[PDB]
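Enquirer: Take a look at the letters that make up each chain.
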Amino acid sequence: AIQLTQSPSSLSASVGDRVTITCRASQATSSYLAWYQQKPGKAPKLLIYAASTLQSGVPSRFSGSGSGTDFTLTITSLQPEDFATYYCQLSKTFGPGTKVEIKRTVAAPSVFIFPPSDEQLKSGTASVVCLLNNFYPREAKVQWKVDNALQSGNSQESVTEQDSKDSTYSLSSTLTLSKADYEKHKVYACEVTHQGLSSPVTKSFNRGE
Amino acid sequence: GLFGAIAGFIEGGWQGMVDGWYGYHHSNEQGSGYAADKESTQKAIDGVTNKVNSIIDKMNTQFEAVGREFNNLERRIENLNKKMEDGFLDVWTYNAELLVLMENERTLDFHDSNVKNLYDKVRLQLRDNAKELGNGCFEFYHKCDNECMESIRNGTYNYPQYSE
Amino acid sequence: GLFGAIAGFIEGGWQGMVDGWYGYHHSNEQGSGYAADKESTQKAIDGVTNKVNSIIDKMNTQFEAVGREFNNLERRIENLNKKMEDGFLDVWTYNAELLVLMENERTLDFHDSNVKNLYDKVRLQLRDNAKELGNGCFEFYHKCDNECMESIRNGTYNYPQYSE
Amino acid sequence: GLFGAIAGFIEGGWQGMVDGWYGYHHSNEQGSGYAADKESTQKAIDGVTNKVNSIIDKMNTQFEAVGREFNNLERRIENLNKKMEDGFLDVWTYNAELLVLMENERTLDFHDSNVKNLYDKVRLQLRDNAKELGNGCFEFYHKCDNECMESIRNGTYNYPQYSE
Amino acid sequence: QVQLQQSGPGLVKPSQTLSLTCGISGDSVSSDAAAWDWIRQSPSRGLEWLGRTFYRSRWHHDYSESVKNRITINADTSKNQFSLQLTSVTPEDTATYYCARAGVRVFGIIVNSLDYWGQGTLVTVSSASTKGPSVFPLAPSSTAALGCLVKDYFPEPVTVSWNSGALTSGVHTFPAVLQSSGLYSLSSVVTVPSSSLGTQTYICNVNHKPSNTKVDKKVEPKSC
Amino acid sequence: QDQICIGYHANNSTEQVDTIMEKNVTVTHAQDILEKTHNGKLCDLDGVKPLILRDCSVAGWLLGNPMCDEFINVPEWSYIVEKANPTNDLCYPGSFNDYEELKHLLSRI
Amino acid sequence: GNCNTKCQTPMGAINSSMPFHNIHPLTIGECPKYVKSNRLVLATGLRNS
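Order-wise, the sequence lines are chains A, B, C, D, E, F and G.
When the letters of the first sequence are read in order and numbered with the deposited numbering, they come out as residues 1 to 91, 96 to 213.
If you're matching positions, the second sequence starts at 335 in the deposited numbering and goes up one per residue.
If you're matching positions, the third sequence starts at 335 in the deposited numbering and goes up one per residue.
If you're matching positions, the fourth sequence starts at 335 in the deposited numbering and goes up one per residue.
When the letters of the fifth sequence are read in order and numbered with the deposited numbering, they come out as residues 1 to 35, 35A to 35B, 36 to 52, 52A to 52B, 53 to 82, 82A to 82C, 83 to 100, 100A to 100G, 101 to 128, 135 to 216.
If you're matching positions, the sixth sequence starts at 4 in the deposited numbering and goes up one per residue.
If you're matching positions, the seventh sequence starts at 276 in the deposited numbering and goes up one per residue.
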């Protein structure tokens, strides 16, 4: 029934900086409003209810205010653990939720490449993976290179959530091909370009050694 | 009550409402269901919260009886002090008790007022498309689904619906 | 009054009622007759009795000014005592007068509320079988004898009576 | 308000009324026009005037703290005097603030009562010749000119007018 | 304090009967000061309130509008549990379901702000059948990194650990990706000092309970 | 035949309040605001320990009664506590001129 | 006894938050106002049924 809007739809700040979120309800019911935090993969966790009262066990760095149609949630000094999706609810309906992202200094990733295992060679398919560890920001671009020929449309990648301790990302990119097509090639290389690097970094190996 | 809603022209309260002091119970082909009129409940919650805050902060300078010791030949001034402190504590007890009683009265009557006002809000929209069954219910002379009920709740009932 | 019944949409009170503050005056082929709505009168009598008891027992520790004698060189402490007792007696007179005034207000409005609530009780049963003549009377669209009136009094009016 | 007229089943107040707190706004072939229901406004003006007079004259013997000087070895009696005057001034501040608050409450609710009572006065005359449009207006089912409206104002509406 | 522990099969055939059960510890499902809600969250719809039960004088059921006549919630005091029962499931129900305890009040009335939650049960509906995962080693190169590739399983989720949970630092468990064949796959990586490459044994422990598959794979560097 | 009904919240509560026109009105939820429990122990005040005169009067402590050697050296206190009728007093009889005024002065030190 | 409280009466301590109390007139601390009543309940809900 009641429709909630939530602003901004996303943000980014550094540790210590004070952030504020706004939940605009079409209705003015002051209490009935409640702010939850959701980390990736876990259920929400009630932070504020009645829009200005704090649930027992929550650090004091959160504070709810506002009235009429506009309620606000203020965090005074961010934490590496406060990275999360914040939701506001009005008595039975949740707002779409905002994503509090941790902004930090840039970090150069560690790049590793793992070739297909012989057990997969039995299966008839060959899967190589490029793993990118402990980097930031999300921006990162990967090239797959076999015998100095560029690939496209034959790979797919997945990044993890921003880490809860040092606030970095990590990534896997999977290149999956037919085993005969793999045997037709010798060189396989993963090439990473990122603001965290002054130069594009290539790591490469040959089929069989 | 003083307005006649609670324990009056409405018989008793619903055990099935848990999220509001007042509300609706609609029954159509799409089922039955309770709903809380949140806005009126918020008016009442603000009323009670401001009342509690008033009680706490209006008697935040009451009187503090500090002890004064006297000798055996100052019986007069000692008795003066004694009955002075006694009288102040009596008058402040009186004030606290009167505030508590009068606020209980006003609060019960405020809730009664809110129930009667909600019944009147529904009636003033439903003017002729419905009929009062005398105990808080309204019989719809037309067919109206859940969005009809929602428009009644949030207060936008559209009178042009043919009703015979 | 505050609810509009006494000296309002009902013009004035009946000299012919002696056994209740509120009541009915039915007129059918079996004659006319006054009746007292005892239950509402008992609610009002309890209200007033509890109010009188409250007034008596809420100021049962007021202040008792006992006399203290002082010499000619204790003018300061004597004046302290004098204006202390004076101030306590003034504040307790204030409390008594405020209680009396506010209770008169609430009691007159309570009676008005009771009259309006009784009119509403009759109307909420008689919903469509009768018509309001605007001054406290209800015209019956059907024929109904003294047991009809008794069922209206004790609150069990049966709506299925054909009325055209 | 507590009775539901102001900011309730009547939406808001008319800027175009300047000579009364309550009134009518009639619209017929002879034009539209505001009128003040003077009698009810006079009831309200008397209410407020008597309230102000009560506030002024009910605390016309409050307490006057006259200064008494003491030496260095009369710290006990000096402190007695000091906290006595302090306590009296605190209790009288309490009384003044409570009177002001409770009177604001009663006065706002009195005005709400007056608006609802005027709406009810109009409805109880217009019983079936008109229909409620739900926001304080009444649609006349017959044709009635300015003297009709005047008879409604002063309270003598004649029900025999054929209305279909 | 309070704990809500969920159970129920993660795969349910289309148009069939979905049934979850939230067991309670620390309070009473017959509590007069709380209500028991069922919520669902999906990346498409966000958090949606599904249903509620409670007990004042009878058993009261308060259902939503998006699940009119499609939902039923029960409370069993014999086991101190409450159960969600959703009929005629369609593809639109794929989501994470949470059982919650609505029970922070303000002057005695329950605002519905959920107070405690269950660890959530992911539930997908599909025409596909269950498939056990295959686990493949990812050996460190000759400071070092190694891991596991879990391939070809259905449905979500899958639990992965290292040395029965002894290794926690530096572990990264990746959100799975749906393969074009309609199958799920992900990887789990961990970095360690290269000095322990020969002396520390690293055992990968995978559990896929819809398939009831539990596998432990030792990953060593490739010799020859 | 659709119908809507208006009602209000209720429960199995028993908490009773008093009104100026009615006694023992049963409401749904009520808030007590009066305290009636104590622990009965002379406990510290803001961390600073009191000066619990065990069996000495104020005069005995100040003058240094021989049976009061407990109080030869006192640390800072928060409030002085003495029995209603001490037994260790001006052991040699007599009086203490303007005793109560010195008590008043002590009430500020 | 070895405690720590924020108010003290000659017959006990008050670790309480209410605005009033009825233990003993003479106190010391940030503690409520003395009242000679045996019950001060405030009605927040509405008349039961």
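Everything labelled a hint here was simulated from the structure, so no lab data went into it.
A couple of the hints might just be wrong.
[What the hints assert, rightly or not] EDC-like, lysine to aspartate or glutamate: derived pairs with alpha carbons at most 20 Å apart:
#1 A:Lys149 / A:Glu81
#2 C:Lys392 / F:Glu25
#3 C:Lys455 / B:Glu345
#4 D:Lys417 / B:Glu412
#5 D:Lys377 / D:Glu439
[Unchecked claim] What follows is a set of in silico ranges between Cβ atoms, one per label pair, in the way DEER data are often shown:
#6 B:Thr383 / E:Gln5: 35 to 41 Å
#7 F:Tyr102 / A:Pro59: 54 to 60 Å
#8 C:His359 / F:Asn27: 58 to 64 Å
#9 B:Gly346 / C:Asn387: 24 to 30 Å
#10 A:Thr53 / E:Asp32: 31 to 37 Å
#11 G:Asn277 / F:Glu104: 30 to 36 Å
#12 F:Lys39 / B:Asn413: 28 to 34 Å
#13 F:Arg57 / D:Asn413: 46 to 52 Å
#14 B:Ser485 / A:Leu54: 52 to 58 Å
#15 B:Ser485 / D:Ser361: 26 to 32 Å
Using N, Cα and C, we set each Cβ at its ideal position, and we do this for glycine too.
Enquirer: Against this structure, judge whether each hint is valid.
Expert: How the hints compare with the structure:
no. : hint                            : result
1   : A:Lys149 / A:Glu81              : violated, 38 Å
2   : C:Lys392 / F:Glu25              : holds, 14 Å
3   : C:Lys455 / B:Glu345             : holds, 12 Å
4   : D:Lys417 / B:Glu412             : holds, 15 Å
5   : D:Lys377 / D:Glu439             : holds, 17 Å
6   : B:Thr383 / E:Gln5: 35 to 41 Å   : holds, 37 Å
7   : F:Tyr102 / A:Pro59: 54 to 60 Å  : holds, 55 Å
8   : C:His359 / F:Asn27: 58 to 64 Å  : violated, 36 Å
9   : B:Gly346 / C:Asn387: 24 to 30 Å : holds, 29 Å
10  : A:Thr53 / E:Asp32: 31 to 37 Å   : violated, 22 Å
11  : G:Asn277 / F:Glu104: 30 to 36 Å : holds, 34 Å
12  : F:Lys39 / B:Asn413: 28 to 34 Å  : holds, 30 Å
13  : F:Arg57 / D:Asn413: 46 to 52 Å  : violated, 28 Å
14  : B:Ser485 / A:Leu54: 52 to 58 Å  : violated, 37 Å
15  : B:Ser485 / D:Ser361: 26 to 32 Å : holds, 28 Å
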